[PDB]
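Just one chain is shown here, as structure tokens, and it is the form deposited in one PDB entry.
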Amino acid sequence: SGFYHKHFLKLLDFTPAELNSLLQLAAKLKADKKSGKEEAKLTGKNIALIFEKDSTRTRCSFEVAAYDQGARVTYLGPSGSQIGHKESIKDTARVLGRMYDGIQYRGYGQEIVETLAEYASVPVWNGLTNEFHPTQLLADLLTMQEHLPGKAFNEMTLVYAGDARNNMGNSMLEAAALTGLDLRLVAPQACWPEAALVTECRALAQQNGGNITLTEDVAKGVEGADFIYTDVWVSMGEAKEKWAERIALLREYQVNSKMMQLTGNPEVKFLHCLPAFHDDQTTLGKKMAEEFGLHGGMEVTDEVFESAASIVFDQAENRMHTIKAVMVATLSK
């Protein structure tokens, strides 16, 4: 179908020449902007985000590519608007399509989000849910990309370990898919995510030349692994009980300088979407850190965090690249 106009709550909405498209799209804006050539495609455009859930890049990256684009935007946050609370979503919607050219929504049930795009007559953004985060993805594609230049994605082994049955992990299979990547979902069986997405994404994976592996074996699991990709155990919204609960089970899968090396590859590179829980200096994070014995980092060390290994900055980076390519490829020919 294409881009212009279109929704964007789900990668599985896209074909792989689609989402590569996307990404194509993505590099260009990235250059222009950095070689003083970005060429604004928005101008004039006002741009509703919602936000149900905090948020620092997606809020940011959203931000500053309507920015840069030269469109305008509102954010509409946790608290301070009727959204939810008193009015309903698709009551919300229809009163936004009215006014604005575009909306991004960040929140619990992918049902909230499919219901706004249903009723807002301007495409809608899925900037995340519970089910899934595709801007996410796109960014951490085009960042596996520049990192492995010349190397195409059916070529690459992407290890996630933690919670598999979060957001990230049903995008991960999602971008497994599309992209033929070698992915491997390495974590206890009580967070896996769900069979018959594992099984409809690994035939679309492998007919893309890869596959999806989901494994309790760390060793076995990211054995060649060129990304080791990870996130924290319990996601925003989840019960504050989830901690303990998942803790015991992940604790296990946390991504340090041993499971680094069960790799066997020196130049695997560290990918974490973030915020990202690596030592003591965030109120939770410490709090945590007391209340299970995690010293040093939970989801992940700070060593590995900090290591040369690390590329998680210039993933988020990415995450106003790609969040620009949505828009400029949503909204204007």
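C-alpha atoms forming the largest set that superposes within 1.5 Å between two forms make up the rigid core. Residue numbers count along the first chain shown, from 1. What changes on going to the form deposited in another entry:
- After superposition on the rigid core, the single residue among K41, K287, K33, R59 whose C-alpha moves by 2 Å or more between the two forms is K287.
- With the core held fixed between the two forms, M144 has its Cα displaced by under 2 Å.
- Once the rigid core is overlaid between the two forms, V73 does not reach a Cα shift of 2 Å, moving by less than that.
- Taking the rigid core as fixed, one finds a CA shift for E87 of 2 Å or more between the two forms.
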The other form holds:
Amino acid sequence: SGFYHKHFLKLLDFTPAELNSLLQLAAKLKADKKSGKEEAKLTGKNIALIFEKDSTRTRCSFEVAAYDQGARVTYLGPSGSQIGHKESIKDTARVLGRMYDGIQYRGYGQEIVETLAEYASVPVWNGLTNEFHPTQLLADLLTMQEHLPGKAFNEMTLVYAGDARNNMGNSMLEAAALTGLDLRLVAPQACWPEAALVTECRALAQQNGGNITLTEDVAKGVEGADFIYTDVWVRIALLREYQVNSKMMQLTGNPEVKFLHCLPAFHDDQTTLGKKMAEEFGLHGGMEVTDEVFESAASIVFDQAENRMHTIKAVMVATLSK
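Beyond the form deposited in one PDB entry, can we have the form deposited in another entry?
The next block holds one chain only.
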């Protein structure tokens, strides 16, 4: 149903045909920028980017995306008391929608996005809440298409290893449901998404040709991994054995498995904090991904990072333009 003036607050508010449409729009606009004949469809729009908590990355994707299409951005960073402290979400939203054509929100609970959406009558895009992270997985699913041209998501295996009882885990679940992905969350039990969402999402997943299989077992859960996905742990205790290293890549029995990570990643034995941990916890060569896999032929990590922009642009063009 028309993306026009819709919000983008979580993936499951969309059908798989809507998702597929966003993903194809993201791909036309990628090809168009790269080819030099991008049709700027937001040439008068003013977007507001509220970031209650930082993110170098989402800001940059939302600013470059907007700008390529002709829109101007007002970045509102973590500096004012945050929404709910001195002024009502209901009043912040209501004022903002009088001036801006669309609002990105990144912050705290999904309640804040859902209430900003309710009262600012402009589309509200969800840059990450504690509960969900939809724009990320748009970049991801698009990176997956590109590295398996023609295979449908229906016949792709995704392993997300590590802590999943969080908005990354929740988001993998909503992804599988709208996609039909053979999605394996490979994590200690304590690190697995909530019962209800997994119940809901499996049913949808299966119904679309995939299924959500929850394992602690590395080689088994990885068995025929197409992609292996992880993100930062901090924990190092239960999570240690889940490190994506070339052994894990080998245990797929797959000469063409690929690696993804929503960055930042701790793979060096260099960076201030990463190194601290390499020392303390013995994790040398890297923490959740080994540097030799991160800098492997197999990581498509920086195409994944580039795709963050092409999909946020798709969300904004889809909902503000016709």
